[PDB]
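**Student:** Now for the letters of each chain:
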Amino acid sequence: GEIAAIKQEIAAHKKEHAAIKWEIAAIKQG
Amino acid sequence: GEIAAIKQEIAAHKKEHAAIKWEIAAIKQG
Amino acid sequence: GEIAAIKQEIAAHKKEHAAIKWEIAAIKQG
Ligand SMILES: [Cu+2]
Ligand SMILES: [Cu+2]
Ligand SMILES: [Cu+2]
Numbered sequence: 001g002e003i004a005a006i007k008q009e010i011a012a013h014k015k016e017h018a019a020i021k022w023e024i025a026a027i028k029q030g
Numbered sequence: 001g002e003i004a005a006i007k008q009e010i011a012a013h014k015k016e017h018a019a020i021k022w023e024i025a026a027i028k029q030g
Numbered sequence: 001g002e003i004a005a006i007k008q009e010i011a012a013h014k015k016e017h018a019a020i021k022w023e024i025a026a027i028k029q030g
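Residue numbers (the entry's author numbering), protein chains in the order written: chain A, 1 to 30; chain A', 1 to 30; chain A'', 1 to 30. A prime marks a further copy of an entry chain.
None of the hints are false.
One copy or any two copies: either way a pair holds, since identical chains are not told apart in the list.
No more than 27 Å apart at the CA atoms, straight line, and that leaves these computed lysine-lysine pairs for DSS-like: (1) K28 x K14; (2) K15 x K28; (3) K7 x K21.
Don't read these hints as lab results, they were simulated from the structure.
Full structure from sequences and hints, please.
**Tutor:** Shown next, in the form of structure tokens:
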């Protein structure tokens, strides 16, 4: 339940990390 | 107490999400 | 253990906050 929903959370935070780095790269390659 | 301060936390993270999207938009409309 | 690893976490989130502000400043001073 809980430990799982924390893992589901680490999932989306890993994404969110990657997405912000991509958005920052793309601003610089614009 | 705890469940409340977690909700107080989801509050500020929602903001923080919006603020970063606004800062990224504004860089592109600059 | 837990309270400590939460504090270790607040550590890295403070950083992460500063790092994103620096990356945004530097895009604007580019
Ligand atoms: Cu993070
Ligand atoms: Cu987030
Ligand atoms: Cu944050």
